[PDB]
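Enquirer: What follows is each chain in one-letter form.
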Amino acid sequence: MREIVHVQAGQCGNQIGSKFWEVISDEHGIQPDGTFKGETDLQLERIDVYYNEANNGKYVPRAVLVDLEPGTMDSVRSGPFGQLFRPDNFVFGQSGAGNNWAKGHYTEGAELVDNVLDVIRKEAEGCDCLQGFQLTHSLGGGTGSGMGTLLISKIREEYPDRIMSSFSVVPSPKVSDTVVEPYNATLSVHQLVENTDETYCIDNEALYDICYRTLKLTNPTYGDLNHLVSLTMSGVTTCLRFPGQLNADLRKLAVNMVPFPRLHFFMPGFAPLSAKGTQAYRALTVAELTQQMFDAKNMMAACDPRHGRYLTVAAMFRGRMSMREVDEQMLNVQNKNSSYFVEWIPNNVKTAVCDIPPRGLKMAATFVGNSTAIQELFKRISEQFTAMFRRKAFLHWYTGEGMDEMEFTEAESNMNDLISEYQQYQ
Amino acid sequence: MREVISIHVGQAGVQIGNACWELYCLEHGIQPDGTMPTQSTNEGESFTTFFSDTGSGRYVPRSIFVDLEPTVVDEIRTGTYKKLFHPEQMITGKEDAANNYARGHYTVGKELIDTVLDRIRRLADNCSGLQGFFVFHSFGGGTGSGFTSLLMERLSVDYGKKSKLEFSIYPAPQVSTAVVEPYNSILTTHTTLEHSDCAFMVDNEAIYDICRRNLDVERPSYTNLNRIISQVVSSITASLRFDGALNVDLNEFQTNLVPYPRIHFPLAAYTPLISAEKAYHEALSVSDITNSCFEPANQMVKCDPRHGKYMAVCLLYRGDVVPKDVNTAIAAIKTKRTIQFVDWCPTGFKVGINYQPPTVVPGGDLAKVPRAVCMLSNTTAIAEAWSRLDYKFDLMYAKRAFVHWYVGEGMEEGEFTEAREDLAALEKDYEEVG
Amino acid sequence: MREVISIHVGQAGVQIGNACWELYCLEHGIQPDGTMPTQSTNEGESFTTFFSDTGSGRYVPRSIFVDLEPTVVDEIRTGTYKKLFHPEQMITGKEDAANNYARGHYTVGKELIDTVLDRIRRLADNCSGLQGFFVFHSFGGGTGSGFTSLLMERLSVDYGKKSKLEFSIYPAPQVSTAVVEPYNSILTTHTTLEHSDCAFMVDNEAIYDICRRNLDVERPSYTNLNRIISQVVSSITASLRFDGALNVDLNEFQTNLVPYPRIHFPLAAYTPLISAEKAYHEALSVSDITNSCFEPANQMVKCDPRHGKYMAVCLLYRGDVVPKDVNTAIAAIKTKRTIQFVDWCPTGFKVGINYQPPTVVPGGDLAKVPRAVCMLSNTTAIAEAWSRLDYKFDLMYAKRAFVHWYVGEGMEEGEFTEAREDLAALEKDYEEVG
Ligand SMILES: Nc1nc2c(ncn2[C@@H]2O[C@H](COP(=O)(O)OP(=O)(O)OP(=O)(O)O)[C@@H](O)[C@H]2O)c(=O)[nH]1
Ligand SMILES: Nc1nc2c(ncn2[C@@H]2O[C@H](COP(=O)(O)OP(=O)(O)OP(=O)(O)O)[C@@H](O)[C@H]2O)c(=O)[nH]1
Ligand SMILES: Nc1nc2c(ncn2[C@@H]2O[C@H](COP(=O)(O)OP(=O)(O)O)[C@@H](O)[C@H]2O)c(=O)[nH]1
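Chains as they are written, first to last, in PDB author numbering: chain J, 1 to 426; chain L, 1 to 434; chain C, 1 to 434.
These are computed hints drawn from the structure, not numbers from a lab.
Even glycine gets a Cβ: it sits at the ideal position worked out from N, Cα and C.
Accuracy of the hints is not assured; some may be wrong.
Claimed, not checked - Have a look at the derived ranges for each label pair, beta carbon to beta carbon:
hint	chain 1	residue 1	chain 2	residue 2	range
1	C	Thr328	L	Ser56	43 to 53 Å
2	L	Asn42	C	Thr328	54 to 64 Å
3	C	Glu218	L	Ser56	24 to 34 Å
4	J	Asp249	L	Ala331	49 to 59 Å
5	C	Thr38	J	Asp88	25 to 35 Å
6	L	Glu45	J	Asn347	27 to 37 Å
7	L	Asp33	J	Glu53	52 to 62 Å
8	L	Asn42	J	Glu53	54 to 64 Å
9	J	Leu117	L	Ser56	34 to 44 Å
10	C	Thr328	J	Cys127	33 to 43 Å
11	L	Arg337	J	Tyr425	16 to 26 Å
12	J	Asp88	L	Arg337	29 to 39 Å
13	J	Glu288	L	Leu26	52 to 62 Å
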């Protein structure tokens, strides 16, 4: 009915979903063969939203897997849950972006965009009414930040109506990951502020600080860092997949939060988060799960929450909970932290409660916030972007591909107007 | 799939290739006769970039051996590695150039350049994912300089966009053999700026310093020096020959490490590079060897890295390394202030971690260590390595010594003058950008 | 059923026939004494085109040996292949013609032409499906030219409509033996245009180039040169001796390859033709050897194929070949532009694939390869091979050298003049049609 495809592009977003589909497989009781083994039909009555059942119940995920090389194809294919994906969707090229935007946008990405465009068309023809798209890619690299950038510019020609979830990792102030990382940011966000509806700026740096303090894990496996990205995304779409006392789709999560057609740059949060041995020694109350959500520890990005203001507080609570204690404490945070909110927007808390917790807990909280300290995310990169344009370095990897110099400065003016709009109401 | 071709020109091309292809037979489990044992199929995971399949697992190297002299080629055609290579891939010469440019740029090269470019095209038409070139050469060789500049003058006409990689030896300012090496190094820099993506340099002496102190090899020769360079060669290919969490192909290396199309000459470094006993009394962590990367007893070119200014430092790790202390130690490098950058590039870092640890040569002098770093650091210490060689070239040129070999071989003397103004602004650009 | 007769005229007819009939005993499993072993009956599937049955499996070759000299015929009547052939099929001469036309067209030939045409008719009356003739001859022979032109002058009166095939050796413009070969090649072209369906040519030197480079035979002689030509002979017969998916008979060859009844002279080519060691380090695919068909180191006549214009290129494959890459590689030939056609013939292609791979001679220099191509390419490089021979004939004719042998043997000198105007417009027609 309400149907959503999930598209992965670039080496980052290809392996995020590879652990993320597993939880979606396990929350609904299916197998790598797609065999339904859920005991209660609560895991079946909304199985259709991410799946297209065909020929005796082998559910295929509504997923598209795109790469510029066959390197990341076989690793997902031979890896865990490799037999579940449809081999019709395994569309790829033979180039590799080499961390170059105009290769991923103009040169090499312009060839492979036509093949999956019909694949976007094909699964959307077999449904009654689409709902919106979710997209995992990168903003630091070259493949996902160059090819997935152009894909959103052609979804609006097909479907100018629905919503666009563009989940992508962002640079950190501490240690840069790639050399052209400020180049891959300003040129991407130039297209992200044009035709997208939400981005979740997840820092790679602060995810270790989550794991170093709460999880206390000395050996961060990349399966485990995306596992904390996995449980964040499954809590967002819990209303469309499970009943409860209050349901809230992705459009209701959209319409409650974004106040102006640019300011939709949100950071996520999740509670509870701790190691193994601290299970019994703390309390599973509404009050203990409340104050964890509003700490700098729970900030998945490396921005300071007491250097901004919460505009729209989204509380997606999961589990059998008492509504009044939710109604109690969401009042109590504004009686404590009235400076920490925007002042002219009253009643900043939006609450959606499904009565089903995720697997592994008894009561959880999925937070998405809007701090105006995310203005500093675009303050720090606009200087690093203009750190190398003043010396015109690496121009022969872009103009040699055929990039305009004004393409930098047009993005550079719209980058600096963006932080003026957080400044408008702060 | 992706397939990379190697070309070996000169005697430095011969025996370095006699080590690198020897090492790859160990790291994929391929017997040197030409076929594979059936146990090494699971190890043989995406080995297709170098080895065509033939009949039943028989794996020819996509490799070309080019020499003007048949002597050292017969060493390949005597040992165990004779039956591995293809015979018509071996194209030999008869008359030697003797470290002279126009003897290696016009005389014997132009009778053999048309034979070898076919063998390039015969092998490269099988490729659908042709990535790059491993061309190995010297700087003072007749075919090391005269044929290498002519060869790169012709493949850019043929293939163009596809990448290239050059490995070579930096001539030491104190200890070196051929007197024409200040001459030919200016000649091999003249027209190879335009026709080479990247070119790497190592010193004979900077190998020796770690050989005597850390390896404790007090009788080294060109046997063990080929093994140490080949580990740096193999560590780049580990991003391609295996499946890593965050790896990098050859087009991406030049995209990060070339800030300007003329200054594109970094160098290498490797650590931990010690003997087999000293690793027993020491637990080499991530912060141990990464801090060992940036001390002057670890660079592979004997120069002053503290008097150079780092611009784009590239890091490829091997072995089971967690990224947390990686994200700490590179930040802990930034806590130190002796590592100088330029004002416009703070973000010149590259992150690469592969699962496979380096495996050591059988009967060698190394030790099985899980952690290893192949450090690549483009810096302005190359400019200080330019002035030590620009001093040698001009003063012997002023007396016009040794000109009477270059005259009659089909070569002009004004070409020496144009390369002087060409190399003068090159070392200026390190200070202009810096 | 279908039955084909072979005629061997001249010493080139003798020993080439001593190889082809030697080769066919291997490819059908027939012992050279005359009978067959009972194991080779299943291999003996439709072998009836050459071998009559006698008594109990005793298989005489439908073959006629014609020579004016009894010497080389006695080599057949000494070796193991004496008891295979029929004695009254062997008709010998006594007095030699010594590479002279009217000595081979009138003198000794007219005493023996009535004996051999009966033996033609004695054998051909058994046929209900008489297809064609294998006549083997030279161009400078006395019986190679004088009797061959007279023989084809008489069988067209007898049989007419039924087909013919001529195999011969193109005289090289540099290295050849008999001085009268420019004379007799003009004579054997004079009246055999009207009396021959098709005639093929090979060079002595164009065999040698692949013998030295690819076979690595640095002592070749007329032993091994007969084996290489016989593989081209056997590959045509593989369309007839076996059961193929898409095969071709002798009437169909001339129907495709003769655009005009005068220009009907293509040549041959064979690949892969290498030694036994070089096939080990190489996986010869369909696109490998088909691209090897159209390079000038593979043609069997030493001329310029790039200066010739292809008109009707015929292809017969042998071995287990799939037609998909066939339909790709011939299209991939068309992706290249050096292969020039004429403007009016894009559709001059012939498709033939047989199941049986070529089997190599015992004790020979070849290697057992499944894939093989017998390329036939009529082109305008034959015209450039006409002008090199029309230059030789006229200048020796102008001084009237060596005329004093042609005079008294029953021959006229104006016949030399009429063949000049005959061959002048012939090489014109390559440029007229082209
Ligand atoms: N370490 C080491 N260096 C080598 C080796 N072979 C050659 N070289 C270097 O090559 C440089 C000069 O080039 P050569 O190899 O001698 O001459 P070439 O490259 O064969 O060129 P030609 O003069 O035409 O023969 C010397 O300075 C050596 O340092 C080797 O086996 N080991
Ligand atoms: N390669 C090769 N060429 C041959 C052979 N026998 C004859 N020829 C060619 O035949 C040409 C001349 O014809 P001959 O065979 O010598 O004379 P003929 O055909 O027997 O005619 P007569 O003069 O009547 O005996 C020479 O130029 C040879 O090149 C042979 O066994 N091998
Ligand atoms: N958690 C996690 N992050 C990853 C993984 N692989 C890549 N990334 C992140 O992806 C970013 C690099 O983008 P990437 O897709 O690899 O570059 P691209 O292929 O050129 O687009 C880095 O900031 C990494 O932190 C992984 O396995 N786990």
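Enquirer: Now look at each hint and say whether the structure bears it out.
Expert: Now for the hints, and whether the structure bears them out:
Between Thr328 of chain C and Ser56 of chain L the beta carbon distance is about 25 Å. The supplied range of 43 to 53 Å is therefore violated. Checked against the given bound of 54 to 64 Å, the beta carbons of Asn42 of chain L and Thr328 of chain C, roughly 33 Å apart, lie outside it. A C-beta distance of roughly 31 Å is found between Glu218 of chain C and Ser56 of chain L, which places it inside the suggested range of 24 to 34 Å. One distance hint, 49 to 59 Å for the beta-carbon pair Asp249 of chain J and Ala331 of chain L, is violated here, with the actual separation near 42 Å.
In this structure, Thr38 of chain C and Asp88 of chain J break the distance hint of 25 to 35 Å, their C-beta atoms being roughly 57 Å apart. A hinted range of 27 to 37 Å is violated for the C-beta pair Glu45 of chain L and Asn347 of chain J, which are about 57 Å apart. Between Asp33 of chain L and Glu53 of chain J the C-beta distance comes to about 54 Å, which sits within the given range of 52 to 62 Å. Judged by the Cβ atoms, the range 54 to 64 Å given for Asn42 of chain L and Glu53 of chain J is violated: they are separated by roughly 36 Å.
Evaluation of the 34 to 44 Å hint for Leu117 of chain J and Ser56 of chain L yields a pass: the beta carbon distance comes to about 43 Å. Between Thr328 of chain C and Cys127 of chain J the Cβ separation comes to about 39 Å, which falls inside the hinted range of 33 to 43 Å. Checked against the hint of 16 to 26 Å, the pair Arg337 of chain L and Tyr425 of chain J fails, with Cβ atoms roughly 40 Å apart. Take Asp88 of chain J and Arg337 of chain L: their Cβ atoms lie about 56 Å apart, and the range 29 to 39 Å is violated.
Distance hint for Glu288 of chain J and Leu26 of chain L: a CB-CB separation of about 56 Å, consistent with the stated range 52 to 62 Å.
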